[PDB]
Each structure stands twice: as C-alpha cells, then as structure tokens.
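Just the one chain here, the form solved without the ligand, laid out as structure tokens.
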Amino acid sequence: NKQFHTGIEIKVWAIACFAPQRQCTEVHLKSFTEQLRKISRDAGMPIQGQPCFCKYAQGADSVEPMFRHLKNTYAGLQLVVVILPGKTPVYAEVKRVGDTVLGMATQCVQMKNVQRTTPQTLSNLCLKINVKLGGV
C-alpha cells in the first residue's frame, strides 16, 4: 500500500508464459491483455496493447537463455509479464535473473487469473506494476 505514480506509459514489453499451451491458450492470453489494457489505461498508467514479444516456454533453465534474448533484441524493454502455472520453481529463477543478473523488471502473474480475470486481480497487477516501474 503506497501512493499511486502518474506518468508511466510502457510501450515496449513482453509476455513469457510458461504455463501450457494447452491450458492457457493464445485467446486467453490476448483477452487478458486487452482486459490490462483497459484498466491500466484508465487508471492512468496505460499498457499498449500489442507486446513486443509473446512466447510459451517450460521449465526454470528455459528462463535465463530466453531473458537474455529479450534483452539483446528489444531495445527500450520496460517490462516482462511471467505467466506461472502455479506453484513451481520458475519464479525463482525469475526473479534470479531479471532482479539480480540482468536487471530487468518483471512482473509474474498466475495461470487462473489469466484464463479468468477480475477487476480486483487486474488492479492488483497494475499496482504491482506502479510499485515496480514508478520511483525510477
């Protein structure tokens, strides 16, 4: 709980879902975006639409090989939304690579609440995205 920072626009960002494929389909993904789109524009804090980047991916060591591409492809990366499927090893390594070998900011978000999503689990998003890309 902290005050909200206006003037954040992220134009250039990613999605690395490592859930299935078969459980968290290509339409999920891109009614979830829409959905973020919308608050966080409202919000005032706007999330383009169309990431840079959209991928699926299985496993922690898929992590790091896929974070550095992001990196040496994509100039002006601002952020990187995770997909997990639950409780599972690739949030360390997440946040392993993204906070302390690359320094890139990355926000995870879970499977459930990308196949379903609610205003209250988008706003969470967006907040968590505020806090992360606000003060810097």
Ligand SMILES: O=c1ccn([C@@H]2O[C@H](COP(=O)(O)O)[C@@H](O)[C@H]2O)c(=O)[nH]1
Contents of the next structure:
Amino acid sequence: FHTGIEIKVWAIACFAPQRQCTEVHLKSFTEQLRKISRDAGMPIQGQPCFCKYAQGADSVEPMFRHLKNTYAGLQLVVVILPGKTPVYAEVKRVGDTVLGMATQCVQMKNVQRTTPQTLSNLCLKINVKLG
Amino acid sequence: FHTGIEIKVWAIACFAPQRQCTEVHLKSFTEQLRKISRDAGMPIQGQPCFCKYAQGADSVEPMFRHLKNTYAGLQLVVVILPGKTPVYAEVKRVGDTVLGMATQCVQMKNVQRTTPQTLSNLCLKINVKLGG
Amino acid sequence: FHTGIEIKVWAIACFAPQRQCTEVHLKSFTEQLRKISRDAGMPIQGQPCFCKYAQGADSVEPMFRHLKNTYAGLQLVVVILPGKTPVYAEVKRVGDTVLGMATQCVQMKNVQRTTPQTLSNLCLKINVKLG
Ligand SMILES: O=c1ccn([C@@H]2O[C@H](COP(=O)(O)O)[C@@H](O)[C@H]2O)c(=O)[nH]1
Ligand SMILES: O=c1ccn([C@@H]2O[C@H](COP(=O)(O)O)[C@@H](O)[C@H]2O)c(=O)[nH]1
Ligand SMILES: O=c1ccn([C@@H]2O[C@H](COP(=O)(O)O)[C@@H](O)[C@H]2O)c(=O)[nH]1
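May I ask for the structure of the form deposited with the ligand bound now, the form solved without the ligand having been displayed?
Time for the whole complex; same chain goes first.
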C-alpha cells in the first residue's frame, strides 16, 4: 500500500445506462468513495471535474481525447461499466496505450449498490495504479 | 521507553467485520504503523505474517493456537476490536495465561482512520509490552 | 479458493415460477449442490432451513426480513431467478445494502437441469462471497 497519493483532478465516465445508474447514484457513490479514500490516506479530493454518460466502445476514444485535452493534470478517470462489455478492452487500449491516461473501471452494480468492501476493493486497485 | 526494538514476526487478527474494517483500512493502517514505528526506533517490520478476520470469543483460542504453532518467533498479535466486547477478556486469557503470546488490542475507529497521535498511543502500548 | 467454510444455515428463495422450476427440481438441485460442495471441502450442510416460492420484486424485502427474523445464524440465501428480471437488483439492494444478508443468485435454467460444471460455477461464487 502506497502512502502519499492525493487525487486532486479526476473524472467519471459512466458507460452504464443512466436509467440504472442515475446521477444521484453517481453522487452518492462519489461521496462514499471520497470518505473511505480520505480515511485510508489516499484522498480522492473534491468533486470530479467531469461526469458524463456515454454508450458504446466507439464513444471511448472521442471522450478520452476530450478529457486529456481539456483537463491538464487529470490523474484518473473512473469508468463505470454495464457488466461484461467490449467497452473495457477499448478503455484500456485508449487509456493505457493510445493516450496515457490512468483509468479505473468499476462495475455498475457496485455504483448502484455501494458497500464498504467494494469501495475498498476499488481504492486498492487505484492505489496500485497511482502509487 | 525502550530503544532498539525490532518487531520482525507479527500478525493481525481483526474481530470487527470486514464491512466495518475493510482491507484498504487494514493495509493503510499497516503502512502508517510501519512508518511511525520505524521513525520512533521500534520498527514493526514487513508485512504481517498473518492477517485475518474472525468473529466471537469462541474463535480466539483456535486462532491463537494456530498462530502459535504456525509462526515460530511470533512476537506480537495486533488485535482489532470494535469496542467493548467479550473478545477482549478472552484474548487476554488465552494470550496472557494460556499460550504466553503477546497481544496488543486496538479499536477499529483508529484503524478506519489513523492519525499520528493514535498511532503513537498504540506504539507506546507496544513498547511497554515488548521493550526489554 | 477458501478452505474451512461450512454452510450450516441457509435458505432458498425461488422467484422462478413453480410451473417451470418445480419442487422436485429444487430438491434435486439442493442435493446435487450439497454433494459437490462437500467434494470441494465447502460443505453445504443440512437441508435448507427454508425453501419457498416468491413472486415479484415486491416480495424480496418482506421475505428477507422474515428470514432474518426467523432463522438465527442464517449464512446464505440462494435465490433462483427466471432469467433477466428486476428481482435481481432488488435482491441485491436488500441483501447487500439494507439487511446485510449474503445472497447467491442462480438462473432457473441451471436448476431445471443441473450439470457438474454449472454446480461448480455456483460453488466458486459462494466460496468467494463467504470466504
Ligand atoms: O467487461 C468488463 C471487464 C472488466 N470489468 C471490471 O473492471 C475491473 C477492472 O478494472 P481495471 O482494469 O481498471 O482495474 C474489474 O472490477 C472488473 O469487474 C467490467 O465491469 N466489465
Ligand atoms: O472490551 C474492550 C477492552 C479494551 N479495548 C481496548 O483495548 C486497548 C488495550 O489493549 P491492551 O490491553 O492490549 O493494551 C484499549 O485501547 C481499549 O480501548 C477494547 O477495544 N475493548
Ligand atoms: O436479472 C438477472 C441478473 C442476474 N442473474 C444471474 O445472477 C447471477 C449473479 O448472482 P450473484 O450476483 O449473486 O453472484 C448470474 O448467474 C446471473 O446470470 C439472473 O439470473 N438474472
């Protein structure tokens, strides 16, 4: 576990349908993630700079290019996925290989229904990536 | 207060549920405890040899017997408790009077959110128990 | 894979229609699951303490509160679903975020006709949840 991470600039890209994963689900998930990440000493600080819905792997690269060009110092994009989807492989291709932007994927189900254990799982994955 | 302590073999036993004291809490607490104990000349070294959840006073003795048999040279078990619990008296009965195993209890609120002052409080207790 | 799990108190809630997933299908599935779980060293011990049909997402919260209020030490509710259904999200809403009750869902088609591979699939998922 890496100490000293501070996530100041971060975004949400929700590829799950808004009807399943609504804005108030995203906001409640955000506040719970902020609380546990701060308590664990890897604070995800502030609201996300960007939080939008998209659909389809074909929307990943245009969205991620916009994010990279628009938010200097963006440190992480949290990517919400509707279960098993080609969006995952495209997010990793665009983020890790095309553009060089850290992404952390999370299942829609764990945003719809947050629990401490799944938030913890997510923080540990983010810690590996950013530490 | 004793200088020159080195805690090389140590375990974590968490008797609060994972939903209350999650894996990221345990790992962050471990790393913060390693850092301050090293700076204060009583380093708790490395990763714990064992870090598991259990529930209820009845689980204490089998777990501690397992620990004593499995990890030779075990110097300390850090025991995470939710607060007041019968598990505390049983930890001390088994560790202090049955198996001769050092234990240090800590409340989950100070694992969920560490601070320098509460980690210092805990290191002072550990130093009393193990110094010398 | 976790060793040392023993499932002593568990329930079945069947949201699939009885005319598709009958009592003999449920008993067969139960007994086959018990045998393979023992093979694998995660014995599901005893018959379920409760095995009933349920109709609709509206039945989830009343039934799960009834289970919590009636069976001390309940470890798992195995939930049989008729394919894709809103019942799934409600089961997880109640179990994971209201009452703190472990649930394992299974598709009705794999209760109507079990195979060792689908029983194994289910055992692995239970093992992760309870481990
Ligand atoms: O199709 C997929 C593939 C992975 N995932 C999730 O992505 C997560 C891994 O994301 P990561 O590689 O950014 O760490 C993991 O929790 C998977 O469950 C999906 O939701 N859908
Ligand atoms: O039932 C109890 C008793 C003590 N404790 C805590 O145990 C700590 C002392 O542990 P110790 O005896 O191992 O030094 C102290 O911080 C108490 O707050 C509990 O959490 N529960
Ligand atoms: O609407 C749904 C959603 C999931 N399921 C099944 O639920 C299972 C997942 O259950 P779990 O989340 O309890 O592990 C998986 O086998 C899915 O196919 C349904 O049968 N219907």
